[PDB]
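Protein chains: 6
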Amino acid sequence: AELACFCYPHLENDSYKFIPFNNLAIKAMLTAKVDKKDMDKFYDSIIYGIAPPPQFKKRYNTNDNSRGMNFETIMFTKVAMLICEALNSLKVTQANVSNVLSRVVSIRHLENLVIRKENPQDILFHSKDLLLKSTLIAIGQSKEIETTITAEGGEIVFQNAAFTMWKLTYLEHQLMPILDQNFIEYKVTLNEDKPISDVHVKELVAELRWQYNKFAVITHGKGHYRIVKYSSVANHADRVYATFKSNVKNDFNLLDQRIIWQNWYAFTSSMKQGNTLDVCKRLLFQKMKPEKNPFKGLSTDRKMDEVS
Amino acid sequence: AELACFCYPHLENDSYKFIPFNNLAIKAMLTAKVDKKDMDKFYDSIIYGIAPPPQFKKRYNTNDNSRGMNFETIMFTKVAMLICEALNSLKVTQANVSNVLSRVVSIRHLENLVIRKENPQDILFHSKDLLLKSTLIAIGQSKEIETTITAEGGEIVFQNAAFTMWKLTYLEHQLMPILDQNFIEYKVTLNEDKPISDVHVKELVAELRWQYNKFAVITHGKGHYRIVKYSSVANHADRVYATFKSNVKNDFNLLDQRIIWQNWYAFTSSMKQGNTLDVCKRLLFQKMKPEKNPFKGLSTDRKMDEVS
Amino acid sequence: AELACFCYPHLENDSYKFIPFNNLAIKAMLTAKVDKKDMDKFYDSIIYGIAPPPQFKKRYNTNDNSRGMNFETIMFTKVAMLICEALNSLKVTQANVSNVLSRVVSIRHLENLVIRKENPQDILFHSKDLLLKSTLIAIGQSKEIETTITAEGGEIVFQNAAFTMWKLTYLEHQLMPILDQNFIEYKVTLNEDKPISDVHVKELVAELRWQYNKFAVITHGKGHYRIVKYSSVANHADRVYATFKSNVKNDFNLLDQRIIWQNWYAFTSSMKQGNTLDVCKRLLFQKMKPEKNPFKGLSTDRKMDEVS
Amino acid sequence: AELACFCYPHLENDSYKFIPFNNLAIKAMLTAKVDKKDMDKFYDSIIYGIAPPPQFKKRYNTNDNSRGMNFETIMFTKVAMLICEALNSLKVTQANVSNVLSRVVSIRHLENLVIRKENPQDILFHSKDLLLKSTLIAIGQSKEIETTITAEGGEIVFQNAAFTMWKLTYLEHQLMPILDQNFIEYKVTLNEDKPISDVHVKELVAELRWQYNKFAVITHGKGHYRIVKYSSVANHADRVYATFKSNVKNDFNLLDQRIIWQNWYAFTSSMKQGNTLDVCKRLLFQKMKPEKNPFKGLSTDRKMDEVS
Amino acid sequence: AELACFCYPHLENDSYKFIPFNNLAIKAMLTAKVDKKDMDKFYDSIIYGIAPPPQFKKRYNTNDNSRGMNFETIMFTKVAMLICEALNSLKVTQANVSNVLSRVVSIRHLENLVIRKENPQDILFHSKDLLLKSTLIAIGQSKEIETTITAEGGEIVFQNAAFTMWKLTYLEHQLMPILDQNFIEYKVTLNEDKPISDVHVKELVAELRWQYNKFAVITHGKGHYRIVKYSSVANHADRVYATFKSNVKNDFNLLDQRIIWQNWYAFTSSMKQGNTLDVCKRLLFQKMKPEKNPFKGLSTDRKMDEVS
Amino acid sequence: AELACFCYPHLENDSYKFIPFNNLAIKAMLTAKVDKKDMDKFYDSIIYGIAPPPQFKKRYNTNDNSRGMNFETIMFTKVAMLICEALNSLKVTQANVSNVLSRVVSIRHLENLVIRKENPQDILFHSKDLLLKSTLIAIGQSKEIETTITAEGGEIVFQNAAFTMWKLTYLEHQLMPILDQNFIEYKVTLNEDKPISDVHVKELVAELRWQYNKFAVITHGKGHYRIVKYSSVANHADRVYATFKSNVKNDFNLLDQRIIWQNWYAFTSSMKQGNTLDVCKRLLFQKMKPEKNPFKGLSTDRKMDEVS
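Protein chains in written order, with PDB author numbering: chain A, 2 to 250, 255 to 313; chain B, 2 to 250, 255 to 313; chain C, 2 to 250, 255 to 313; chain D, 2 to 250, 255 to 313; chain E, 2 to 250, 255 to 313; chain F, 2 to 250, 255 to 313.
In isolation and in its complexed conformation, chain A is listed as follows:
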């Protein structure tokens, strides 16, 4: 969903400040008949303030839609507030405003930051600065890379000197939860975006080969790993390609070749190199020459440890 689904621009003294929509202003708009030349303009509900443009009805769930979001939850408000607090720290101009709001973001990512922010144990609850950083990164207004300290969140299922592995709990979300109850995904952020020693890389591969053998280790090129079911890589390839493709309108970090699943590293390199989707994806469905194992015996050690 676009950032325009949560807030609207109000110019305040040489600069724009962003404001959250009331779920009711949205509800009103969903029932509004609008002229085709006003679908993009902000809607006025008269009773509940400003509402998003009618052309965005699809993003909100109605009886006739479950492909949108649950805007009538407090969470919606919280996520909208989060976005505004970050955009306000930018002081945007009349030339960028629309470009900023038209940016599509991961709502689940924003909800997870709220879960971090509101938790007194989480550091984001204390560092207004780390919170703004984590948010700007998530909403596309930062050149910084997401790392552990600024991760979207979730439950830590493994931590190392170099990495932190999280379990994405998208099933519990209020705003836009995943409907499939078999959904399971993990994210592996770097604690520090610097070079990692072979020993700390070996610890992470052991945990993945042992505790997540049915998962493919991939990435979306933004700096962290994504652990997903093998019966899911195909969809991750499609979405990743789409994004890359939108370069006609864009760097991609392939990450450590000893950690990424062989085929995904292929599918991706063949993408950065230029090849077509069909060419790239074919590299995804073929048994490739097993490259020399960089860390042999990892699974065997674990097994023996477990046995003792």
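Pairs involving identical chains hold if they fit within one copy or between any two copies, as the list cannot separate such chains.
When the alpha-carbon atoms are kept at most 25 Å apart in a straight line, the in silico PhoX-like pairs for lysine-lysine are as follows:
(1) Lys-59 <-> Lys-230
(2) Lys-37 <-> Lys-58
(3) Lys-168 <-> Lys-215
(4) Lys-203 <-> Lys-28
(5) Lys-294 <-> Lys-203
(6) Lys-28 <-> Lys-230
(7) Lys-308 <-> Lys-38
(8) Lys-308 <-> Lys-297
(9) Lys-230 <-> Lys-215
(10) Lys-38 <-> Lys-195
(11) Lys-308 <-> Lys-286
Note that these hints are calculated values from the structure, not bench results.
Mind docking chains B, C, D, E and F on chain A? Use the hints.
Structure of chains B, C, D, E and F alone, referenced to chain A:
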């Protein structure tokens, strides 16, 4: 019910200020034996302050009555407070006090304003002025016409550039809910009491013909439309006539003839013109000459849109 | 129970101030082994402050007793606070302290005052003075008579220009509720302790003959009436006699002879005159010469009113 | 409701046998469009068998009606079965069938008989004959008078050598319960329809004067007494008159003048004598000359007994 | 789903008899690894009997599928029994067996027949013959047309001399309920497959224009009407075309042109005539010349009736 | 627990028949004071029949024990009945009786057979013979090997032409459930105790390497495989050794060396060969020379399949 069922006059420095009754003072009075020459005077419960006049017992529900109100709900207090806050802004005199309190008002309307007032998203929650306006209008102390911004409330089921349609949720009320669970009524206020363009009138008629074909479009002459079941117009005609009739003690806006149901426009014009109830109502039960459709094809467009 | 079951004396600057016991200090004492020469002294639980004298264990309920009170309820605390706040306004001396605390009071009466005090609608919630008056009267430290404004409370089931009738809800109490679920008693206080006109006395007798025909109208001589089941007068006679009898250690208002039940007026007059319990009570169990009805036709009017 | 609301006639070998409707056949009919010349004919739902005539829709509750019965309860079936079992024992002819089914009966009475019938302790559960008698009487096909053994039922609140007093529990019914929760009525049947000794009449009057002083003792002339609130006699007078009036299409037992409320005895005698409703009812609203008490001191004895 | 998803053929004395699968045999098969040359053969679970062919896994719901059926409900068993009881009455041969079982049927239709069959009020509960007829028709083994007496079922919302209208309650189903909670569809069967008088057709059109104005009246050519939302006709056109198209492997009753929605009659005639899907469907999305209303004033009568 | 914890021998005509204990006879015995020379004799509760020997108190759970069984569940009765029905089919002699009853059996195994037996879908519910076979095997009175058809039961998580894999649900048991909620074990029985083709062995190894990589594939030498957590093999080695060791009072099937976990095959062979526990177990905790993979690429195929 009269305004005297919620508050009592206390003269404070050249002016009367109104005060809410405690539900218990009312409960006490309901069990009081009063001399026939004191039925109109305010009752003193000794323990819970002043209570309404004994002649008003009928307005409150007891085991022996369900035709009154549920005064032992917080809502009662809230509605009473609402009324007082508006009457106090008037600074009434010893000559008008009784006339004001003897005014009969729609309790459901007042409860709905409280629902608006207490909602932080609703503008009334913020504009003490819009709130006083909406309330003065509702309690008969304003020459202004109810429009969207000051509507009684309910759920917005359709909004236009010219109108806002509301679903009256009287079934959920605390103070005096409607006992029939098949009750359904809508209200269509004008967003702005000025002339409306044929296109915006056409949008509203389409929504009514399509989404509310089983409803009759009428009005009570106070400026907005009332959408009610056809098996209900008879009662709306009776009540409307009664009111008009009380002119022997009074303007009536017939509204847009292209929107009002043909027969109701007849029944009403025949009322403003002077005719008797029997004469007027007969115009309600007869198949009349289908006046030329001002907007033909409206229902067909909708159907085609739906099909696509 | 004695006032000593709720508070203990702490001399503070030429005067005693009273303090509430913690239910736990009481619980501790109930499990304390005490020397026979300390049963009357205040007990020290070390951990929860001062506790009542061990000789009062009977007043508190334990697994081995239901004839006491439920001291482990907030109510206990509230009632104890109520008592202290009143005793503190007296500034008692080292000569009266024990006499005051050894005074036995009606706990149900004190709980009911708390129910009045904590209710924002009740005047006691506002007049710290009326509250202290109502409490001093209840705990035996006032020469004033209980009247409506200072009544113990309950639910008003009938109000007049002269009286207020209350339903004693002892079944709902927290501190010391009545165990019999068939218990029903009413109290009729005078709104003003002055002479009442025959018409206002007639209204009250009508309500009693009609709405409470199965009840005997009596009094305990302290100024108000007590409405109790006829199968209960015997016990009220016993308790009333006991009290009177304790004159060897004492005025009795027989109240309006047109309102009190004939036999009780007899039983009581024969008591003030001096006669023995046996002599008095015999007057209670004998069909006496029906004295000329002071207000004939009262029941018939009501019946006719009801019929219309 | 008419007997035709539960069963339909099926001629079986020189005689008609009656059959119960399925609640669904009724539900089907309620949604059927019928020609005006078939409103009286039995409706065929095709799927659920025969249903009552469309002209009887009013008798059944729909979303648009609560003035009918709850035909979708097992009770409906049970009551319908009860009626059929009795009508079948009659073996009705083609000349009487319609006359029988057009007979209006008290549904609450029939439900109560089912409650008796299904109770293994109740004698009706055992005597198929007493059950048929009690039912034939209730549905108008018997010259016998209802007495205790064949009463409609309810809870016995007092029994004598001559009478049995029942509390009508119409509030608990499934088929057609009374909506007012303040409803209270009693019925006093004779155990044996013969002359009663003054002592047994005196016992019954004592119980009524003492335990039911707020009730008027009346009758509907069919042989038993009806104990109802005084604020209800007016309605009982109206209904009783209506019935009597339908003599133009009829004996009335005024019962013991020492038990019936003076005014009702008047209102009724003035009815049997011929007078008009207005003339009769006026005798109901006037304080009449207190006829010499046939049993003086009854209330006083009770009071004294209670006191001991 | 195919009939092969519920039963398996067991040749018994010159003839095949069909047998129900145990849900557990199915559960076992879902977890079975099968050779590619056995996907069509019946699977043997050893412990729970025979199970459907592995090539049918898709038809059953697993954690990885909600596009199938809930085979672990009693309903599954019931529906399977229903099918077997009908197929057994046919006595199928070794040449037809596979052809019969490969037939795809509407599961919701079969569940609804079970709901009819198990209801003692429904005639199917009594006529083993009507039940077998209704079932053979539903499973494709009958040349007879579905009519009211043999309809799939649902709730009767309107009945006529010629038709019966049903509300399809697919949302309540156990075996394969519709996941969209906004689903609403009606079916109008003919009570008797013969010619209907214009008056009975007029009654049905009135009910549709008034009570179902937002619905399109269509058919699937098998003899009855289908009432569906206008935003659904497109999908009904697609499915209907697919079926017709499978003629390359087939009669279509267009029904009364005065009842079918104008465009659907077009889309369909253009299909029977031979035209392509694209050609046919285009006739669905275009405002056509309003053919002369065969029954004008129908909606107006209803309105007036309602008003009275 | 021994078979003597469920039944007692009653000689009936040249043969012993076994009888179930009532849980109450057991409860009685648990509270019995017995002479040290009667701990082995059957106890007589007088009121509830015969009970097990007092020396078996340990086997039953009391407030002072959770290391026993929950004999006060219906299950206990069922399991006891199961055992008796099997022992009765043997017709045991006075020389074997004690030897039979002193046999220790797996209670969880017996409960699972009851779960199979009582399930109408399970074949044991139908073949009294397969049931007796499955039971005799479980209680040590059969030379036959447990295979799929006679397995203890559980939930089938994978089935092949040669094997059937079950999930042991010991956490749900009534009689003697496993207290650790992290418990997970699987059992792989042979469908037919004959030689299996390499292809069917390859399918089973693929499923284990992929879906159960964290589990060790072992056996207890009685003919089937046991899938257990690696952090559990140590305990399985101990128990297996104990049993073998009791040969001083005994064949062991090591099963397919391509399926059993390398180390367990070692630990076990070193046991059959004669070595000591210390010698055997050491082979369990050492990284051994990876024997040539008999089926290489199995995990890779699965991964690719999943990806497609």
